[PDB]
Every structure is written in structure tokens, then in C-alpha cells.
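This document opens with one chain alone, in C-alpha cells, the form deposited without the partner chain.
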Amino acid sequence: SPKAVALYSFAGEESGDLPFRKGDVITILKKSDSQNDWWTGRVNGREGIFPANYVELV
């Protein structure tokens, strides 16, 4: 499974969003062919979707 580092924090205020802080390493559960889409991941015991541009694939 791909991992990615958060370049910026995401508050993830909407239901289904995955919040994270800058520097967190997110486990990617689903990605698309664009890093401008919302991808699916998990970190900190939460699961959800987030803007893929906020992360850098390891």
C-alpha cells in the first residue's frame, strides 16, 4: 500500500474526511490517477478521504 507525508494540515471538518497534521504519514487505501482528487487513507485511528494534493508519496 502506498504511504504519503502530509505537506499541510487538513482539518477534515466534513463527515467522511480524514483529518491530519502536517508531517503525518498517511496510509493510502485508494488513489486515483490525479493528485488533485480526493484519495482515501487512514492515520491516527481514523479513516476517510482527503485532498491528495496535500500529501507527497513516499
Second form
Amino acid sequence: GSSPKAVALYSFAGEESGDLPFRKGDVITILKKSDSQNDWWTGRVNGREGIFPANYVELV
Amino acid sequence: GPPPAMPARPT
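Output block for the form solved in complex with the partner chain, input the form deposited without the partner chain:
First the chain shown before, then all remaining chains and molecules of the complex.
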């Protein structure tokens, strides 16, 4: 089954208040996902919770 | 390469 966590492949800055910023190499706790990486998921990292592009991470 | 195109935001 799907990993609890993912690692960022690229940095993501976000654009709006509910987004989840991170840098390459950061370890994100995945709180909600779909079967698609061509989608946005919900995660927790760097003291925040929010959404991010799923093609920016690799499941651990 | 450059960072990739993002998916469309979710509905």
C-alpha cells in the first residue's frame, strides 16, 4: 500500500494560503492522496498542512 | 532539467 510519507523531488513555493511549501529533499507526511500523481495531494511538512502538486514528490 | 509543469488544481 501507499507510503505514509514522500520526499520532495523539486522545491514548491506555493501561490495561495492553503498551499504547502517545501524544498527538495524535505520529508512530507501524506494526509490525503489519490491514485494519481497528476493531481494535488494534502500533506504536513515544515510546520504546515496544505496541498501541493503530487508530481513534485516520490512516495518513500 | 527545469521543475516540471504542475497538474491542474483539484476541484
